[PDB]
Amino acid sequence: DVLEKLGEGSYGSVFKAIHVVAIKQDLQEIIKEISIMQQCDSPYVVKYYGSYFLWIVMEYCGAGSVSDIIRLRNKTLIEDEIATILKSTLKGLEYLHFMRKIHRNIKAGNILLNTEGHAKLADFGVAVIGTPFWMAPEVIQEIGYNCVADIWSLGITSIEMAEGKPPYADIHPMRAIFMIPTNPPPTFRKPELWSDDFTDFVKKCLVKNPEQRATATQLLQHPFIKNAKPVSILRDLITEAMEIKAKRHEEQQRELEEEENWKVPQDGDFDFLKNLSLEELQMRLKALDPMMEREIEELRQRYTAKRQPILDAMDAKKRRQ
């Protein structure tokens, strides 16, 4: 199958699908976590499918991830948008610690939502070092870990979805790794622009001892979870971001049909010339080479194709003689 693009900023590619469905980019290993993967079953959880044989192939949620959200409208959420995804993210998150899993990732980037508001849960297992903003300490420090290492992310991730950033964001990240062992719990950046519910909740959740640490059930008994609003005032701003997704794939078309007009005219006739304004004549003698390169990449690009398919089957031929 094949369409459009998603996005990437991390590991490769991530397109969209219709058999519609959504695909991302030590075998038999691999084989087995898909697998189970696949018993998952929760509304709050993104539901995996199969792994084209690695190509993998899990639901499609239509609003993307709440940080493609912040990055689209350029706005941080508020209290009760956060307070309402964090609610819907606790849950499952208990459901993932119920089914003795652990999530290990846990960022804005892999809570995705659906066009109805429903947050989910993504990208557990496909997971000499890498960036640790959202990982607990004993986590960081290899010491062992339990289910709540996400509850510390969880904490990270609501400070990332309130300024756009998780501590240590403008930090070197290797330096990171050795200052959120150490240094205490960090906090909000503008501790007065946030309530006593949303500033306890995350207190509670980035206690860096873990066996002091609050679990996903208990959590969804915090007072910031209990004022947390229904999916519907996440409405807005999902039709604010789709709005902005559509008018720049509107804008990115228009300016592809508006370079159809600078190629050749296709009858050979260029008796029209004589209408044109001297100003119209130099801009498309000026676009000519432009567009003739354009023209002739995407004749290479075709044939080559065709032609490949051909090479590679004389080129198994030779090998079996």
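Here, rigid core means the biggest group of C-alpha atoms that superpose within 1.5 Å across both forms. Positions refer to the first chain, counted from 1. First, how it differs from the form deposited in another entry.
- Superposing the rigid core between the two forms leaves a single residue from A63, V46, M37, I70 with a C-alpha shift of at least 2 Å: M37.
- Here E142 counts as shifted, since its C-alpha moves by at least 2 Å between the two forms after the core is aligned.
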Given for the second form:
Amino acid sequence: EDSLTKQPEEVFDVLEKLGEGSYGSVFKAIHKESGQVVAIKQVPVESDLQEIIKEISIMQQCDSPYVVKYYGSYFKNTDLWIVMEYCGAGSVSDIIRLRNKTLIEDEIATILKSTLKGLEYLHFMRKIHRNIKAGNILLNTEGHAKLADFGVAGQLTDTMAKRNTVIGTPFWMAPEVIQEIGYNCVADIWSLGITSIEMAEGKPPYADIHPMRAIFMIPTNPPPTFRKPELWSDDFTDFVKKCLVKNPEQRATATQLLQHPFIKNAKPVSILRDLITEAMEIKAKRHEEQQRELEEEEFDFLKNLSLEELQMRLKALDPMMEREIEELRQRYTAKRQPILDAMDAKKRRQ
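Right, the form deposited in one PDB entry is done, so what does the form deposited in another entry look like?
For this one, just the chain is written down, with no partner chains and no other molecules.
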């Protein structure tokens, strides 16, 4: 608790940036004291503090190797610092994105084996994730899958902001969620089922279709399958069928899905080691490849910058303006091109 009273920068050495979403930037960091690598997100306090903290209170009360561990918080320069567990390999969605390759069954089974463990843990505590998907399953540098970015109770009937953002992306929603406007534990199993297809095909069923249309299909049509079912085993195929059961009372629970062959006969997490190294390696190759690009064709970087690379940017600062605002003058000549072409005609008619 004493380390919580100290200022953030004095406890952790923040390293490279890892990315972002819609509420701030995520960063890599190292605990100076124990050397245990952690993550640090930075959110602007000005933008709805209540919503951020509600998620914080839900994650902090979770204690599972399958749920991303939350450690603490600080306050620094209008930014609320959130210290999270470091999942180096990123989300399942990011890994599939980075390599430009879908996941093989064995890879899927292992990931699902721990994802199921997390769901079971949650559901047993009578909690609900309310928002399972590939993008919210995180793998660390070792190959251990973890549940993150939880949904929150009443996220459907909360006025307009979240009563509308969830509606916009209903591809992982169970049928009874659309018809009941609520969630049951088994809802996550359906989401898991869809997430299973998401990992094999790269995107969920109906993903490319207009939401409004999906909202109508999901509770009407029969559960989705693989666009090419021959490429997948019978254990895999069957497992999916057991998850995507429209009747929530006939839908397998997390406790039961752990007994299914596809999962029970899953490989160790070491099989992810290889797909994880490629992802992380490419993540590094992009990092260095991109850092050499932004450095060529050109309140922290200046403190970490050298005298001669600081004096030459200042000198090459004006040339960057003539190209910055000459583009703006070209953009607005385009916007006014129609209005002038129209005025041309009207000046010819009178």
